[PDB]
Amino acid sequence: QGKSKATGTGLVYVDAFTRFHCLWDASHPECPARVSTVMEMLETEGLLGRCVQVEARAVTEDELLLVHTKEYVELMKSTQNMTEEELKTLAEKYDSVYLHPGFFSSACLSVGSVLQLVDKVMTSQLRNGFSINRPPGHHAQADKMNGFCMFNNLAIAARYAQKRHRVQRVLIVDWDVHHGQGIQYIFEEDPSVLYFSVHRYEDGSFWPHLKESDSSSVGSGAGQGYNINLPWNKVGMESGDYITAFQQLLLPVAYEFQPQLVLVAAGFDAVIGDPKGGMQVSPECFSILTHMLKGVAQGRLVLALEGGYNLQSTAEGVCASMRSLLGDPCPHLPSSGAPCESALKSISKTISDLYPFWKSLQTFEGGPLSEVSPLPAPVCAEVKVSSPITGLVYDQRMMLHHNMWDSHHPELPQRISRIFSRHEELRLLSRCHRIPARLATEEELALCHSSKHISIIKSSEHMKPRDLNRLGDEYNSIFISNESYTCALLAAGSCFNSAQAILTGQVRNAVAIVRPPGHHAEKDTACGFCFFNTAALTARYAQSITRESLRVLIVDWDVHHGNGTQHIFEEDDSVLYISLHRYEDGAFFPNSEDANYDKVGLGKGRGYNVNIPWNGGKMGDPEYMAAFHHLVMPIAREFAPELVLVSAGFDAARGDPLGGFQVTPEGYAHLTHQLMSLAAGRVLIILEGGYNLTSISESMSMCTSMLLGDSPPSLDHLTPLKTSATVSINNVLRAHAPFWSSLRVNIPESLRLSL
């Protein structure tokens, strides 16, 4: 691997795409200036030179006939030789169409451009690609033109992928503001292709004015379940509406479908300023939506230009998508990370209409969730996008903390040396920027810990063994050594240096290979192998070097609940703590009911503490992924953090001696990939628990691989879920829906109980 890795982004553009235009209406919205403005901006932004130039080719007859009829193809071919009057006379026969003697030539190159990128991506020459092509395609049907489309580019490309590259399952995502009814028809009774379209509808009042554009059209025959319409029934939708639809509906379904290729009908008429869409999505949104789709199909992703009729807005939308293909860090979302009621209705309605067919959607119990006014959903100041640098911090001195009386205690020094070695083997170390380690100050520790607790541990640099054994027994599950203080100082100060590097723009994200852990340590006591809460301290340090009100998200996927972390921020609305953890109705460590789902924080901090408790089974990727789709990411998005810290305990990992759970290194990669679209990519991953040296070295290397931008890995089946996990997920939905609107899926109990 390495030199042979598929990393490039393919771009197809040919001057032929400008050679045809409307002859009888010089004001027609589908015009040459569309693609040439996209190309002009791609160069102005410096994105064009970063793409691999891929040549266009003419689609062949047998390729067209994967979708179209020979009678229709030959009619379209014959247009080359028609007069303007003949062309107009033929165009009249179709809904919203014009013709031009060069239309057929460019249409053939428009289809073939997608096939070229599919070739390059499935033969693993390139990571992904984007054709800047016109005419568009998603409205075209087997035997007729429609909606400025002659041939259905992506439908042909889907079947081409299956026939020539032996792809089994293709996902087509259609975020163009119109319904791509041509694609829906073509794959109506075909479960080898899953078609998702999100589009303006308003109860059929918006073109194409079809009953079948509604969420009730789920496909038929063998294809029933594999066609999904998300119709917006009010105009003015924003990024939070699209992003919530992707979180609550599309991504669960897509991860369950396990496609091998994603084709995107990338129309940008949903963007601010488009004269036909009437929506208000900011271009930045399509950096997010693109990043999301890189999760399924191991990043095998091909975008093709569909609609988009404001020239700047379309070009800005393409640039926002291209930056994500090129692996640039996501922007801060300009709008709020919260959906509106009409979006939640359309989303819930579509979930309900598809609920029988998708076991991921069946995660929802149903019944009414809250409709109280939610917490504020703020927006973050713009951070200028730059090439992503991943920081890495590690120092061998953090091995010196140890247990003299029990050589077999799981918090082994070698945890961080094995993790670092695996980074050096997989060459991740040389790809990262090496952040220097440093000691936290007493002043910095005072940001969360009492001067008593600080002074106690400070004396341990000198306390003798038998005192260290007594002291350890004053705490729940703690051992101590004469270096434990210095190690805990580095585990904090190294995360400070990382947070400083992130927030000053020296790096964009970072990984901190540190011990001892912190997320159990309290204001005033050590606990659960932790002395100082380096996660909480780092959040405060971030607030100290930026501004006191800087929003920070702490995600804790350690199998243990970080009680100390919960408490330090239980009244705080400037820091959001989300924890996934084993609980067993209170039996599992730390044996406190603080870790239950109904502990939503206290005071101004109500809603700013999310507990996802696991009971009754081996939990793994399927449950942790569903928790992220339905809880972690919706809430995090709505909170709109400016920095993400991860209490990264790999003790939920397969083969961990303490957790008993079966999260895989591939799962951890996808959890990391999810979080990378938050906080404009400002993620810092801090090691907590996890004690199987093999599983943690593999898991954290995968996390860093994601931070560095590599394609997400393959996964086991993510359905069915354990039923206790389903129950606990819905408990968090009910607990936190009054605070967070992105959670408010309202599907009736009737559908759950009708299966």
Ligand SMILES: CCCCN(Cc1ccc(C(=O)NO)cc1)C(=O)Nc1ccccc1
Second form
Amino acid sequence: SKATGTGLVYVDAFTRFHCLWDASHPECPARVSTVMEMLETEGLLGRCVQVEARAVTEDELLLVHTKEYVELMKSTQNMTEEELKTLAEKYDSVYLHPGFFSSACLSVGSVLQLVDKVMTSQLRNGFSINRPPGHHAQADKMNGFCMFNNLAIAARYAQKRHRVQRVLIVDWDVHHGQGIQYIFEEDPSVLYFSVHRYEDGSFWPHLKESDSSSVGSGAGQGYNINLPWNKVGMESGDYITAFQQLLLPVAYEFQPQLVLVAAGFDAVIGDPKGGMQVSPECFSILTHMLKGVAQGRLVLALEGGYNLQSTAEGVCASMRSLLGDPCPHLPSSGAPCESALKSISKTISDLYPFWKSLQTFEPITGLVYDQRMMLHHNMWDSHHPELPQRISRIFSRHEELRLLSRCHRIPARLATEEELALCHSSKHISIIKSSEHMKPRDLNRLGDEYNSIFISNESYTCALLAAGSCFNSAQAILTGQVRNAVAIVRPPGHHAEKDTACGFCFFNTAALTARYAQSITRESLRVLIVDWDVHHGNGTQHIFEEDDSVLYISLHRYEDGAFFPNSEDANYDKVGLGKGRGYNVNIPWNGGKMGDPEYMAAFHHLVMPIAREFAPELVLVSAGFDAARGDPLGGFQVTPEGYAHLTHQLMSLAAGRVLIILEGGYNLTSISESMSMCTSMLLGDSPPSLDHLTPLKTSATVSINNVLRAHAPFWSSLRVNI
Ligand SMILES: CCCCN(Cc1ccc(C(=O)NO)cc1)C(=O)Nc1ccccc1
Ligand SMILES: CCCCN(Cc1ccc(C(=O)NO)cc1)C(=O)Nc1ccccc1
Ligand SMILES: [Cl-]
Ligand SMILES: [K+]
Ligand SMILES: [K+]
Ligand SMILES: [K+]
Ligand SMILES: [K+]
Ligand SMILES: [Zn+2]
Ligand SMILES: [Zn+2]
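Beyond the form solved without the ligand, can we have the form deposited with the ligand bound?
Now the full complex is given, and it begins with the chain already shown.
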């Protein structure tokens, strides 16, 4: 959706209650004022839209809590310290203050205010900097510093006031939000996900129902997901793997209309309560991942987090993601630990019968375009699909959708022969160069020496412009002129080999760009090449086959070698050679038409876990749009919204340094709409609606499992297969 702005709720009332009988109490006013001070210091506060708090009404509290409980809580405001202590002692880990009720009402109300702004598209997203927390509060009792269940009320409120059918509650606070679990235990309309320290019940709240076996009951069976950690010192790699392999597949199947986050920061490094080692930066990635599930409709509310600085950094990292700032560099490993893999696998097995998605297992944007690249043409067949108008139609669509004016225009330039020699033989360079002065008879003769190649006197210059345009784009990204970019270029490149032209490709644009990126930074710069063109990029695979500095990932229609380029080199068992073993990932599709379900599943279980463990410094996309719905050559059904979601996933890698390079794509409308959607994502627009992602075709399930088996010894994040 086209909503903009990040809401922030903060009122002085959030500091007007504290523990009267213990000055060392961790749940203190400084928690929220430290967060507010850092947001201001980091320049984040001034970038947010200030949203006023409001007091929750009795009717809204009654959506979750009993009348008797609400009346008892109301009466605490007139109590003495002695009366407050006597009542607090009746609950587990709770204090009371005469200002507690008033602040708790404004704490619930602040979330309802953000829910209103987000559900009416006044804002895209928001964060409530509230205290007291809420996720432990139950229908009739206080618990773990909570009086009212903020998010449980907000979810039921969203359903009643804004006609939301499905709400997803994600709880990344180090403790299990048993309050939320109990309230929605039998409710299929509210999916509750909690990741928490458990240690076989030895960690507070010491509940057997905090285990992965508690999947909900009655109509709500399968709608309660617990991810218990049974070892301390969990890191960002563990949280990110859990979101990739478990939460995202389920969330996409659930299709919520709203995402609510119980945003606790007690899992962050330095928290005295948590015992975990999660970097604050991890929360930027987690927040980014949640933007894709409800078309950006995302509300975060502060839960726990007791190290003042750690909590403030966690809030700042999440806020940066909500505002659309590029994802940060992750300071730790992209690989999960064995204990985390064990917990993720157990949760997957416990929720497996309820979710088809789990049943698979056995910033500035640059734009480059030059109309001169239209000069390359087929003089013998004017209807040949690799049309000059492919690039002009894509460019026109960017102008119609007003994307062009939002981009920084990067000039096209010719690649030099020295730059072509980064990937190609001097013999191949000279043969293509010679075509510039050839008569039509000689151009026909030369084209026939290759597999699927047409040449004109303008072909060599167009191929130099396609390569040079991508080098200028990679240079703009790596020198900080832009964060990411799109290259509307032709002829394509991924079929071109070191010593030969092939399948409409003269020079390997993506391969040359990866080597060029390395020549302007360092030889070992980690480059990820994601090739989503419907055909296997045979040339790219071969160029980097023995290389561990360039990870090549291709998704392609294979059909047991019956589809172009018709070689067994495209099969899943081709994992690379020598030090490059594990750095060549082929995802071959067999048995007809694939679409968004299969592509999203391949990204959740293969592309994203491998890419995150590789930790690229630059992401290149060999973006052919010939797997698109309507393509005359591909026969596939990837929709423009499908491509937008794939682009969105890749943006959390390489601190957002993503270059989208045009490859194939032959339906002019399909490629114009698909590539425009990718640019829209790079620009930071909310991911669009994307329904019906299950069931997958049976043969796609076979393909994904074949890949997992081939790459599991190389990549730990794949060992989620028990
Ligand atoms: C012996 C119990 C171990 C865990 N807890 C309880 C607890 C409950 C909730 C949260 C929380 O993060 N709530 O949002 C943190 C700790 C505590 O240690 N709580 C505590 C209570 C009073 C003073 C200092 C600490
Ligand atoms: C017997 C060959 C079968 C595959 N090919 C060739 C081909 C090569 C490369 C690509 C491609 O997407 N290159 O970027 C697509 C098709 C074709 O079908 N090519 C074709 C040529 C003219 C008109 C219509 C289609
Ligand atoms: Cl020819
Ligand atoms: K939790
Ligand atoms: K539920
Ligand atoms: K491909
Ligand atoms: K490689
Ligand atoms: Zn907590
Ligand atoms: Zn192709």
